[PDB]
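Engineer: If you want the building blocks of each chain, they are given just below.
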Amino acid sequence: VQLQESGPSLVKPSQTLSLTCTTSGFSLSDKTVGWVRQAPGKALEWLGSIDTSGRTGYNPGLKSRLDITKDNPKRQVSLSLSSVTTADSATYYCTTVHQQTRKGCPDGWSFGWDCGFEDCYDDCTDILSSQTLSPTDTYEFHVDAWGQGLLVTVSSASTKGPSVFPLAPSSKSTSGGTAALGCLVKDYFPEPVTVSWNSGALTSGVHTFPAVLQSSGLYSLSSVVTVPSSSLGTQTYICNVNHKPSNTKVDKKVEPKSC
Amino acid sequence: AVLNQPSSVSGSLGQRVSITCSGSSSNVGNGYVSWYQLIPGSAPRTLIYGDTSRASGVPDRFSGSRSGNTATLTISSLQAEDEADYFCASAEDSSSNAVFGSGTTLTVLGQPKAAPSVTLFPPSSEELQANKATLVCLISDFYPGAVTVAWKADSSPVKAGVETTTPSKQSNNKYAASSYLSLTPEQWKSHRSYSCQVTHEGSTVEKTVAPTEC
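Protein chains in written order, with this note's numbering: chain D, 1 to 259; chain A, 1001 to 1214.
The set of hints was computed from the structure by calculation and includes no laboratory data. Virtual Cβ for every residue (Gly too), placed ideally from N, Cα, C. There could be a bad hint or two in this list.
Unchecked claim - Now the stretches of chain A that chain D is said to cover, found in silico as 3 or more residues with beta-carbon under 8 Å:
1) 1089-1099
2) 1135-1147
3) 1165-1173
To be verified - Each computed DSS-like pair below joins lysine-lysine, with the alpha-carbon atoms no more than 30 Å apart:
4) D/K244 x A/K1132
5) D/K172 x A/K1174
6) A/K1169 x D/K249
7) D/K160 x A/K1132
8) D/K160 x A/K1169
9) A/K1207 x A/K1152
10) D/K244 x A/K1174
11) D/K160 x A/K1159
12) D/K172 x A/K1189
Just chain D, with the same shape it has in the complex:
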C-alpha cells in the first residue's frame, strides 16, 4: 500500500492550501483515506477523511475550512484548507483509516430482536414492563497505513534555493585513521532539505544536522561524513542536496585541502 502526498511546500497567509494523495495497492472503494497533520512541537491532529461510500467527515474545529474529495479511477484524494495562518504550518500525512460505527445495547440489555421477536430491553421475559432504551452507538477509528508526509510552511516570505559550500578535510579535521568532511547548505527557504553522499552509495558515518533559522529568516544546515583518512587522495566525495520547495538539486564535490 503506497500513499504519496503532493502539493506546495509554501503557502501565503489567507490563501488556500491544496494537497493531493496518490494511492496504489488498494481500491478507494474498499479503504477510506484520511488526513492527519503535525505542527512543530505539537501533537498529531486529525483533519478528515472520505470513506468507501464517498461520505466525508472532518475535525469539528477545522470543518469550516476543510474540503476533501476523491477520484476513484485516478486513485487520488484531495484536501483543501482555506484561510491558512502560521498555525497551519505542519507535516501533512495521507493515511488509510479504519472507520466503523457499531450499534449496541448496554450490559444485560438486549435489542428487541435479540429478546425474541430496534430498541434495547432489560427483561426479555417481562416484555410488557421492560424499558425501551435507544441503542448507544460506538465509534471505531485507527490509522492503518501512513504516508511519508509533506511539510507545508505558511509564510509571506519567498522561496529561496540553497547555496552549497564544501567543508573540506585537512590536518585539523583528521582523527588519525578517520577524517571528517562535509557540506554547508546555506540560506534556503522554506524547509526541508535532504542530503545524501555519493548518490546514496556512502551511508555509513553520515549525519545531517537540523537547520538553524537565522535572523535573516533563512535556514542553513550542515551534513558531515567520517571517512578513512587514507582515502582522501583517491576517493571522490560528493554531497547531493535536495531542496524540493525550490525544485533544486545541487551536487558539490568536496576536495581535500593540501594544508
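Assemble chain A onto chain D, guided by the hints.
Structural biologist: Chain A in isolation, oriented as in the chain D frame:
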C-alpha cells in the same frame, strides 16, 4: 480537544514503563483506543488498535489496556529502540472525528557516557569569494545530550553572529549538535584565530582555525 497524556516519561533499559491516556466517556469510553509511535525522521507507526490488538510488526513487549476512560500503553522491558514520542487516539461522537492524545516523549536511560568529538571548519574559499564567511563547529558522538558552546576571536569572547542547534540523536544513538559563527570576510581575515569551545560534563574541548594556516 486532546486526550491527556504525560508530557514526559523516562525509564532505564529493561525497566517497565507505562504511558496513560485519559479522556471522557465520549472518546476513550467508546472502547476503541489506538496508539502510535513517532521516531524523528520516520513517519508515524501504528502500534495498537482496538484497545489491545497489536499492529503488524509490533513487538510483544508493547501492550495496550483500557480501564473506563483511561487507556494505558505498557512496555514490559524498555529497550533502546523504544525512545520516541507516543500518541494515543480515539474516535469521538463519530468514527470520522478522531482526537489524538497530547503526546508523550519517552526517554530511555542507561547508555554509556561519551565525550564529544569536535570539528571546526573555516570559511571555504568558495564562500569567501562570494563575500561571505561562516565558521562551522560540528559536535558529535556525545552523551548525555547537553553541551555549552562558546566562541572566541583571538582570545576575546564572541558576542555576535553565533547560532547553535539543540542536540539531537545520530543514527548510532549518540547526540550531535552544530554551531555557526557568521562573519564578514574582513572580520575573518583581520583576526589571528577563531575558536569553538565545547563544554560537556567536566571537560571542555576547544578547536581553533586561523586564516593564515590555509
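Engineer: Decide, hint by hint, whether the structure agrees.
Structural biologist: Now the hints, each set against the structure:
1. 1089-1099: holds (count 11)
2. 1135-1147: Per the Cβ count (3), the hint holds.
3. 1165-1173: holds (count 5)
4. D/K244 x A/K1132: Within the cut-off at roughly 25 Å; holds.
5. D/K172 x A/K1174: 23 Å, holds
6. A/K1169 x D/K249: Within the cut-off at roughly 26 Å; holds.
7. D/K160 x A/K1132: Holds - the C-alpha atoms of A/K1132 and D/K160 are around 17 Å apart, at most 30 Å.
8. D/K160 x A/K1169: The hint holds at about 28 Å.
9. A/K1207 x A/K1152: 10 Å, holds
10. D/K244 x A/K1174: Holds. D/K244 to A/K1174 sits at ~29 Å (cutoff 30 Å).
11. D/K160 x A/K1159: 28 Å, holds
12. D/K172 x A/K1189: Cα-Cα ~19 Å, so holds.
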